[PDB]
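Selected chains only, in their assembly positions.
So that you can tell them apart, the chains are marked A and B in the order they are listed, and the count of residues begins at 1 in each.
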Amino acid sequence: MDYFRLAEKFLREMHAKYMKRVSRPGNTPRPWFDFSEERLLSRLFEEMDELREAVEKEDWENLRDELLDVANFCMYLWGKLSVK
Amino acid sequence: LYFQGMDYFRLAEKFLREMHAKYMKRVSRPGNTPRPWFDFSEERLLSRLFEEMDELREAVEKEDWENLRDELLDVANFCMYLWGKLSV
């Protein structure tokens, strides 16, 4: 795969992860718009800590999911800062 | 009624282009390969991701919000590279 094909595959997975999260009762479908910069930072650090935990437990199956979570929250905070 | 969900792709359409542009800028530099998701080991992709996450944390502590946007692109790319290595 070149970058573009990898990125297309990864975006589809990121989106599927977003779907699952927003499907939980009470969850905002637009965290990048609805949350403050501070809350988005806070959330991203939580996700990064979860990724570190998965690495420490050598939980590679869950590692894939945690990489998606981190990528999405990087995107959401980037989005918030890019309007700001 | 507004299709809030389509705002995801409005965001991703921009973010993915910025991630690629960031890959461009660095693919050139010493010790960088055009396909890290394929060329590097899982172990190297990990330590590189952790390095980038450390830089992101450092930007936050310095309150350097300008440079923070770039560090978010780097972390996303390295999540992507390791995800790719792990998924094929």
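The definition used in the following text is that contacts are C-beta pairs under 8 Å (C-beta built on N, C-alpha and C of every residue); 3 or more make two chains touch, one makes a residue touch a chain.
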Where 2 copies are displayed, count of copies in the complete assembly: 4
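The rule is short, and it goes like this: only the chains that are shown with their structure count from here on.
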For subunit A paired with subunit B, centre-to-centre distance based on mean C-alpha positions, whole Å: 12
Subunit A partner contacts - residues on subunit B that touch it in the complex: 4-5, 7-9, 11-12, 14-16, 18-20, 23, 35, 37-38, 46, 50, 53, 57, 60, 65, 68-69, 72-73, 75-76, 79-80, 82-84, 86-88
